[PDB]
Each structure stands twice: as structure tokens, then as C-alpha cells.
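Take a look at this one chain, the form solved without this ligand, written out in C-alpha cells.
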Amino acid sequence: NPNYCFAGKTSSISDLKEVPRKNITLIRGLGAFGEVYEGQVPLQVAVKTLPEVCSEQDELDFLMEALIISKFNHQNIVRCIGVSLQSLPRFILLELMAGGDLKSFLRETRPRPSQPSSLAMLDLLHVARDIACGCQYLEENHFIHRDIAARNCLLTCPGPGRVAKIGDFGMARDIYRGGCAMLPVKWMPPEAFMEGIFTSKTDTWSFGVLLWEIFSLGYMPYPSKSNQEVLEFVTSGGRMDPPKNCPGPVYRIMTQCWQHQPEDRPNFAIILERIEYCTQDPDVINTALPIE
């Protein structure tokens, strides 16, 4: 059984909470490699499956994902209810996030003539705060996420009381132990794709890009640019323009996250303070989002 170390504590497969297979029921599909289902343990859960047709490395990858998530303890990181590894197909049981992934949510919940008030600036700032809180927890525990992006964040529900959480740790799992074309280039700082140097300032840069994703309401970063075009653009000092209708104070947080030198970028404590300040400013939160 492989070892995993987080916050100076070592855990093993033995430490995972094995849930008897007979106590688990799959209800409906929700959706890469493997499937996700809504399930019941009654406790409602998301069930991530490992394909029975997989390599030994896939098995270790699946195991490591379970270890990583089970060891986090924070409200803005999805909980692991347990695992079912002693029957096939193997399961990881996760907190059910009924709002789905954040990118899909933003794109589907954009204000329109049919839904003119579907979303407001405050909703977006609350999502940003939620994820920044999760990032701060990772930073203070010296865990580098390496792929902070809207597709990897999840929502507890569609409606107002929604809470956003970091939900996917596949990149960090891979690095802990893929290819050039699969690297999240558009979310990476200059020193990362060049020198392969990663620190928590790596996550600060990515969070800036996530902020752009959020306030653009789910657009792909660097519109019309390919991965290599972005690499050369960012390496040369180029940065994204503000999303449509983006308040200046919010754009300013993005531009600080994208400082070329990592030491010049804010830690997540500071990012949280700035997000809070924006949230207090009536001129920010009374800004209308564009209607499609």
C-alpha cells in the first residue's frame, strides 16, 4: 500500500474509510477516464469509478486521488465520504455537488432575456472568495494545486446559497506520483512552463486566470489564442483585457495575480482581503453583468 504525506502526516490505503459495497446504491449518471454517478450510502454522494479495464498505474493513480482528498479538511474543498476499493469497479465516494462544475454553471447561468437576473456581481465575488479560501488552506499547508481553474471547481447547488469548492486534484496527483498538449498552459505562470518551477505563487497566477473565467462568465481564457500563442504572449508581458463590464477593483486583483515575478504576486490571505474589499464596495456590486 502506497504512502501519502500531507501536512507532515503519513497516511496509507489502510487509513481510507472502506464503505461496504452493499451499502452503496447508484442512482444516475453525471458524466475523461472513469464515470461519475449520483449515489446513496440515506447519505447522498457522488461516486467516482475506476474502469475495471485499466493499467496498474491507473490503479495507483486512483488510490492516490482517494488519499489526497481524504486528508484535506476544509469547507471549500470537496469532502471524501469514503471509498469502496475491495469490490470492482472500485469507488471513491465524494460530497455530492449538485450545482456541477463552475465553468458549466457560469456558461449555463449567464443572464439572458429569459434569465435577466440569474446572476449578479455579488454571486461571482462569493464564488471567488470561496475558492480563494480553499486556496489559502492549501497554501498554509504547503500543498500546490497546479491547476486552479473553473473546470476543477464545483458548486453545492445551483441556487443562491451555493458554495464553491475545489473538487479536482488530478494534476497534483500526477505530479505527486500526461503530456505537453494536456498541460493547463493558459493557467500557468512564466516560470512554470519555462523552468518547471512550482510554488504557491504558481496557484496565485492560476487563481488570477480563474477570476477572469468567473467574471467573463465562463469564457475560455485568452480568446482566439492557442496554447503556444498564449505561452509567447504571457512570456512577453502580455495579459488579458478585463472581462466585459468587469469592475476596475476586480480587474486589479487579476493583474496583481499575474505579476511576472512570483515574489511580486499576493499570497491568498491578501487576495481574500482584496476580494472582501470589492464585496463591500457598492459601486462594484451594483455593476450589472452583461446580458447575452
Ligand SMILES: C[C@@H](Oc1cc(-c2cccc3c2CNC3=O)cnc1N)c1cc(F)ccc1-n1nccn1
Contents of the next structure:
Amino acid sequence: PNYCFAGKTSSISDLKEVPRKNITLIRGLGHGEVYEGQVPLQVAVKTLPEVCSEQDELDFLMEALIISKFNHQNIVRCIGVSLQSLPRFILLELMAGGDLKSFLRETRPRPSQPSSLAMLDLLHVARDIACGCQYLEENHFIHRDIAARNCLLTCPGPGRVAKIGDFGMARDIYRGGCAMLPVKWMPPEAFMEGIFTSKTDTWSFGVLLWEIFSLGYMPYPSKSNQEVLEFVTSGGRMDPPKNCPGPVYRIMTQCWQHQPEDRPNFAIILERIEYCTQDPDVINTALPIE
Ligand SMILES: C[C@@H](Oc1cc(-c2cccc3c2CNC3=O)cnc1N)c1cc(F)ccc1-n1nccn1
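Since the one above is the form solved without this ligand, can you give the form solved in complex with this ligand too?
Then the entire complex follows, led off by the chain already shown.
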């Protein structure tokens, strides 16, 4: 099974095989299973269950090829693989800040920590992911699942850098059911016609922006997948998250334009995030205290 990215072909032989003896698992991180490990290089170890089908094996190899071929500061690095021993491993850059979805919920301003997060922290996370999305767009790669659950943070503190850390949906499409599709992150032409372009990621980026500025709420509060599908197809859009500055909400509503041609590309999105970052009326807005 070969892989093509940016018109360059790669195969399992191009993956960096790390000797199994050099790898130590330290603790579980979540669910196959994921561990924090060591090679010393700190890594996140993605495992392939030994009890798997041949399709699961090919999917695992395809995931390794996809991540290893990217080269961008906002896309998780692949340290290598351990495919010559069972269970097979994919070794990723250990993102000590964990997933973005959990970070937003755990780091929400509270009476004990009123300034735990500010608008600038959120704008920096949005810029970081938009930079990763821009890299994918300029290399003609469609992510198909831009969402907070798929983003990682280098550290919990102010110097944190956000990165795209999962490419499962893209791997599946490269090569399954409607109840597993990320309906709440998809534009109308994607769930209706199965039409995917770089403008599909623009729409999903708008939804991720809402997730960031809501501090980790599930999109379309109280709506099921089919309710969202009918709502979005009929022109319905989410309200601004609590205390969301107008200029930031305006980026979201532009990402959610019905026609893909009316949605901005990632260069324009980055330009608009930069302007929000400069505006004192935006960054001086206090986040809600839960
Ligand atoms: C495959 C996995 O990758 C990583 C995960 C983490 C991580 C994640 C959560 C907590 C903590 C850490 C680290 N320490 C924590 O406390 C760090 N770095 C990674 N490379 C991943 C990639 C993604 F995009 C989304 C989710 C997951 N995930 N979360 C669990 C299982 N799977």
C-alpha cells in the first residue's frame, strides 16, 4: 500500500523503524490504546490491537504514512514506528498539554482562577490551527474532521502551541456509518453530496472557532445530528459563544457561508485572526467565569 502527498509517493519502507528494545511504555493516555512512552525522547504511542482484521492493519499503516509525510510546526510530528514487533506502534510527538477539547473544559476561568485563560490564549490557539490548516490547503490535503477533539497542546501554560494531532477521517477516505460522521462539523455540500474541497475545512474551522470561544462546549447546544443537518441546510447558524467579541463571531459566520466560494481560504482566516489579536476591544474582553 503506497501513499501520495504533494505529488510525492511513499511506502512502509520510508517509515522510520525504531528498535522495539529502545521503547518503554510509562502510562495510559486514552483510547486502540494510546500510551505516554520513552525512546530520552518523550513520545505518545499509538498501538494496533493484535486482535485486528487485515483492514485495521492497512488503516494503521496508512495513518503512519500520512503523519510521517507532513512537515509543519502545527501538525504533530511522527518520531517513527515499530511495525516489526507486536503489538505494532506509531510514535508521535508527546503533546504534554493534552487534547484541546479537554484543555478548554479544565482551564475555564473559575473563582479560584479568574485569569486562567484570556481572549489572547484562545486567539493564539485559533491562529496555530489555522496555520496548520493553511499548510494542508496549500498542499491540497483535505482534513475532513477539523475539531477540538483532534487538536493537541504542547504544554498547559502560556507558551502552548496548538497542533492538529489526528488524521483518522482523512485516512479512512484515502483508504463506517452515518452515525459516526462528524455532522456537526460539516458544511451542506459535504453531508448532502459527499463533495469535499479545502472549503469543507474552512466550514469545520468555523465550528472549531466556536468550540474554542465557548471554552469547550459541544456545538449546536441541545441539537442531535439530524436536527443540526436540517438546521444548517435551512440556513441556521450557531449564536455567538458567551462574551464572544463581534470580530471573532464574524470570522465564524464567514466560515459558515452556504456557498463554498463565499467562504474564506485559510490565508484570509489567518489575516482576520491577526486583526482580532491586534484589536484591544477584542483582547480586553473578559471570558465568562464559571
Ligand atoms: C493519539 C493521541 O496523541 C497524543 C495524545 C496526547 C495526550 C492526550 C490527552 C491527555 C494527555 C496527552 C499527553 N499527556 C496527557 O495527559 C499527547 N500527545 C499525543 N500525540 C491523540 C491525538 C489527538 F489528536 C487527539 C487525542 C489523542 N488521544 N488522547 C488520548 C488518546 N488519544
